[PDB]
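There are 4 protein chains.
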Amino acid sequence: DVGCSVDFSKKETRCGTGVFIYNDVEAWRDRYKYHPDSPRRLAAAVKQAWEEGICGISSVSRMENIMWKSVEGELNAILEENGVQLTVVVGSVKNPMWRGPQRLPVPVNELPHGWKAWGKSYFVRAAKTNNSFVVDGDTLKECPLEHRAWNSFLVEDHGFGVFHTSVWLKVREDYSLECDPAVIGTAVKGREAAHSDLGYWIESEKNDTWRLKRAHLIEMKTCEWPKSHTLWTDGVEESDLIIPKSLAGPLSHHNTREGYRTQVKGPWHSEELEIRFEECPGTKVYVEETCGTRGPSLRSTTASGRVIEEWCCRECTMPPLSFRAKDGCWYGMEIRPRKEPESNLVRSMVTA
Amino acid sequence: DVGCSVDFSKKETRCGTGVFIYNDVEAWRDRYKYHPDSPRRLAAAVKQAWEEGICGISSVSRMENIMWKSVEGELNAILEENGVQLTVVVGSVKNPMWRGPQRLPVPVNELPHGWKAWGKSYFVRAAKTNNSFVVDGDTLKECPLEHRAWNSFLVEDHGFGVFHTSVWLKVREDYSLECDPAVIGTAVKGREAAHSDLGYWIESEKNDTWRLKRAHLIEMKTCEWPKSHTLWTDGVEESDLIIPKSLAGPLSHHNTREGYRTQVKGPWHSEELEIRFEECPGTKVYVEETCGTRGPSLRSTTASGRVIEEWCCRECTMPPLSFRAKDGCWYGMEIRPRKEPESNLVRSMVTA
Amino acid sequence: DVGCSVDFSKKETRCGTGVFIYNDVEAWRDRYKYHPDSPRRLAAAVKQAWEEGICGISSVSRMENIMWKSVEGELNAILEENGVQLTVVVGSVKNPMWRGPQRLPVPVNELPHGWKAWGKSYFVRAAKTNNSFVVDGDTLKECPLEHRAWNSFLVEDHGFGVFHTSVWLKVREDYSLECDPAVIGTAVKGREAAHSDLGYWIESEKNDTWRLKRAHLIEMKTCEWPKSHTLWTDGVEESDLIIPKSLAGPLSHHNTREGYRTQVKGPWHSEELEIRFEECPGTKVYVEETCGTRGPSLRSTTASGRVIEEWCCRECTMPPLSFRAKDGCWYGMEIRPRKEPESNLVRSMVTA
Amino acid sequence: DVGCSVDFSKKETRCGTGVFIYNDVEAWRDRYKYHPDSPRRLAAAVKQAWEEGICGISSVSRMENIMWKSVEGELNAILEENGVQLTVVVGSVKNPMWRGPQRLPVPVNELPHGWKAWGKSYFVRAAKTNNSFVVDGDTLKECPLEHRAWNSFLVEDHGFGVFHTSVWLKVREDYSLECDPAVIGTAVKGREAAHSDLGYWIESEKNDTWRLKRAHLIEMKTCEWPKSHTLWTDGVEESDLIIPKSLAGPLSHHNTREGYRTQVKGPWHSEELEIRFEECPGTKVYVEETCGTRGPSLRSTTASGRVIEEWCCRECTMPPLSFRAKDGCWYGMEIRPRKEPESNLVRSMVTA
Ligand SMILES: *[C@@H]1O[C@H](CO)[C@@H](O)[C@H](O)[C@H]1NC(C)=O
Ligand SMILES: *[C@@H]1O[C@H](CO)[C@@H](O)[C@H](O)[C@H]1NC(C)=O
Ligand SMILES: *[C@@H]1O[C@H](CO)[C@@H](O)[C@H](O)[C@H]1NC(C)=O
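Chains as they are written, first to last, in full-length UniProt numbering: chain S, 791 to 1142; chain G, 791 to 1142; chain W, 791 to 1142; chain L, 791 to 1142.
Hints may be right or wrong, so weigh each one.
Here are the computed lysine-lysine pairs in the DSS-like style, where the Cα-Cα straight-line distance is at most 27 Å [said to hold, decoys possible]:
1) L:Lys801 - L:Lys1003
2) W:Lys1017 - L:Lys996
3) L:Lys960 - W:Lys996
4) L:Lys918 - L:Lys906
5) S:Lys859 - L:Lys1116
6) G:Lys960 - S:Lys979
7) G:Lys906 - G:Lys859
8) G:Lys801 - S:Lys823
9) L:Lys979 - L:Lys800
Hints listed in this document are in silico derivations from the structure and should not be mistaken for laboratory results.
Construct all of the structure, not just a fragment, from the sequences and the given hints.
Take a look at the structure:
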């Protein structure tokens, strides 16, 4: 708790005791290493799960998906060692990571033998097997969405003084729609508080009342935001959560904005996204009762690239509500083009 | 907002951005300028308060006593320019700081006079007067409680922690029974959370769904704890708040103890009270079905120096709750002497 | 070795792994507390030296004087336990320290028995004897300079998790004239190189040239600066070293300035000498080739404190050169008063 | 600079002023920008070099090769925008990185076109040209090493080096084979001295003499170690410098070990080479005078991977020297296999 505290705004070097949080979403690339636990038990789990008619796993976040491409060789070799013919295939995730009903069973006992964890686990290869245990990817045709597992892992301990934090995880014996709290946090001082998650960072201020300031989205989950680590969980609803609750929208006075509602058809397809309260270049948003009602988020740019400099709506706190996507700006549901037809603009992917 | 941390149980160090809280209950605040609005307006408060039957004040906290005392002499000189004859007397604060049905009014007009109230170069005095506005102490007869005010102040600024360190203030224009949220510090992470203010420190560990861990009291206020800043506002009663809400007992699951109720008869008199869950020296608390019922906290130390060692109770949980006061050790209401008469021991006067 | 970092010039906070120097010049007062290892062997060495004709020891560093003063009692008691007729008297510290031809011999064997000294180092009782194994002091008549032992010691271990990190020395097995490398640390980074040790602190930077900026001289030694721990020791002249080599002047480009010759006649009688390049208060220096020639340095004021305000220099580059001592503001030799008799100028004592 | 320090063998901790070194070899540093002065000045320099007849550039180090990989596209776009037709093509660094005799001429005047590409990070295309100003890569035939430049840049300033982490370079006016000192750190404390730069990490231990302890290499350059930035620069011979000076072998007694000689023919082709004084896995080294004389470094294993169990040496001192790279474990010149056919010994190709 002994800290370098140096007030950047006022240049105040100080130290003492308290609690400390750090912005790791941008520093995530060079801070984190992940892995499963007991790969033999995981081989037992995948084998047993295969006995339950399980296709694969549709990862909800990039953290888990990046895990499942780490012990694929070791998992396949362990399956080979005990004679289990099972090949795991891992593809690419696509936002918004949808909700899979199945859940990975938990073995009651490990495989009868196997000690490949000693020495060499990485540089291992084995021939494919007819059976495929797919992970993410565009294998929607190979198997439907109802045979895929989802949110069947946990974080018990992470962080190490080895320059590269190694994270311990294991298959859930429980069923949950809630996002993992081991890697979430917020706290408040005076006028400022912020909701922080590995794939979601949210800025909350107190200008007049407690409101929202900004949010960044690297990944597009489908779990639920908690209330225990949420501030002011008393007197708040889901519709005003600009972040959809189904998309893990916090239930706080700090997750609400005036003149705007939950955005379910937003650019939940974009791999990367940010919610900035700024008019996108060359686009001025108006507020007029004459304007149209809400509609699916339309990108600021037409397919031809021409920009639309006139956007309107009825009951918005002007001017901006635009998603900072890689492909451009997506505007909120209330904001709709004033003159450009709503069918001409790049409509957001169906992600309600 | 950029500082570091050095964990105790682990030597790992790392840092960047973050939010930070500090503890200032051990240091009993610190030397602060204590500008109440304007000293001329503060003096003009008492002319009309005194006129409408306010013969004294019951200070809510020790800060307030410091504040009135620190300007007591100057208050006598501000009113020398106009035909006002008052003399302010500030006495030691008796605990627990009972309430005052009156409040300090808010003058609407200023007295035309020199503005030398603040920053005077000394060399000035005032004329004493028979009528006395008694501020706490032993002026119960000189001023009835019904004519005393209380909790009639509101904090505005408490910054300038580098050089000026002024606790700027204003008479709260609003009759508030709750405490002031500004100087409160709190946050929760992992298995830990802790509230903090100018007179109290609170700890909360995720022992089993959170509970009461340890707190210290340097002053027994009689305000109330706001919910929008306390964890789990919903889901706790005021009776199981081991701190009576009357004493600003927080309304949170984190503020409660198994087998212990609100300690209304606790030693809220001892100017300082440290709340620790531990057997006091030389006492063995028992859990017997045949023990006695609740009662006012009996100090573990007798007036003659003898100490009653073996105590019992019917609904306790280890470790026992004993108020570590300068007066000695005081146990909870639930824990009574096994067989030594409660009359002989130093009973805690009913502190409701 | 990891650690914090704060560069106040840019406020750049850093943490990694490497080496960490410290500025301990101000901490010479109470940096260390210790005695030489096996004071019995040092007593044997002192007896052998005295038998060999070592009337005294000329302390080379104030650290050595501190150690000798601290260990005087234990050494005396060791001498008088074995029956040795020797009293070790440790005098004051006079600047500049002057060399001692002789050295402390390493004793072939320790004294037959000196266990009573074990655990009896500071609070040590003994008597006096006719023979005085003086240690520096104002005893030039008694033990002349040529008959004093000097720089015949070494350092084994220093630095610890304590304010007074115990230092263990050793009777130098052989001759030596250089200074101690173990307590030296240095390096260069961009535009700043600093030469620092237990008693000195020298600065340098590249202002279109690597020149001298400021040097703090708590003491005045005569050993030689080692090359193994020096920067840019290639192509530098003694006469341009503002600090002469005879007073332990580093041999580096960073230890010289332009338009100024070596200062061999400066206030080298000053106990504490700090060197800065800034105009002396209450005076001014002109670049006048008609000024005085080279010679002893002068104090800015007269004996009575009269401020000699008129000064000049043959070819100095403004700002001028002056010595800051406890005595007062002393000028460089190249600067002379435009109009002041040499009788009114205090000449810096010069010792060879 | 205010930092801290925590010991590893011990647990001593402390914070204070000083200077701090940081090892970025294993820590893998951070991302860097590598801005080459004014992009148009670089374009003019390369155009003038091509007019002179410079066919390409030899990236001395991996940092400069990454700089050219980051600067290629925008330089080509700038060239095509101006009346210039020359394409820059980069590739992979080949070890050992070879020298070049040419330097990029400093342009007299900037190319006549608009300035819009300060630190332009790609994302602009250009028309290919038959003429190519190849950079490193494998275009040896297209641009012979004769007309390949080498060390044509110098680091100027490291502005915003904590987060922005940008290294700004400019075309050197004068020729210089020397490496870059600004990115070199070193000092000595007690019995350890360490030499390192942006690419190299050398550990020297004092074991009865200042001796090397370990040497790790992530690249293979050909510049030269500056003397001002190393220790014990006297009484050192190249033959005992295990690292050849041609490999920027530091000139210090710390760079030599007894019983061995310079290794100018070792596995310097390795992209990563870690030198450890230890027997190669599955191999035994002995000291036999009848052993083969010094010869090219041989991988401990064979081409098929067979391990040589018996090894001999004429003058080696245990533990034996071995180069630990991804290719495998090697042996020095003095260490020859005791009895093994020379065909199966993977010689290190001569690095001339
Ligand atoms: C923000 O500052 C204060 C606090 O809410 C208020 O006066 C103001 O209206 C707020 N909004 C703006 C746009 O300044
Ligand atoms: C160096 O110092 C001189 C005068 O001492 C000053 O004019 C100049 O600006 C300084 N800086 C540089 C980079 O020369
Ligand atoms: C290393 O340790 C010390 C000197 O540094 C000494 O005892 C020992 O002999 C040295 N040599 C070896 C091989 O450890």
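Hints versus structure:
| no. | hint | in the structure |
| --- | --- | --- |
| 1 | L:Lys801 - L:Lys1003 | holds, 23 Å |
| 2 | W:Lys1017 - L:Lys996 | holds, 18 Å |
| 3 | L:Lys960 - W:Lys996 | holds, 19 Å |
| 4 | L:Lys918 - L:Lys906 | holds, 22 Å |
| 5 | S:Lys859 - L:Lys1116 | holds, 23 Å |
| 6 | G:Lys960 - S:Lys979 | holds, 21 Å |
| 7 | G:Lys906 - G:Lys859 | holds, 19 Å |
| 8 | G:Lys801 - S:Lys823 | holds, 20 Å |
| 9 | L:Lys979 - L:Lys800 | holds, 16 Å |
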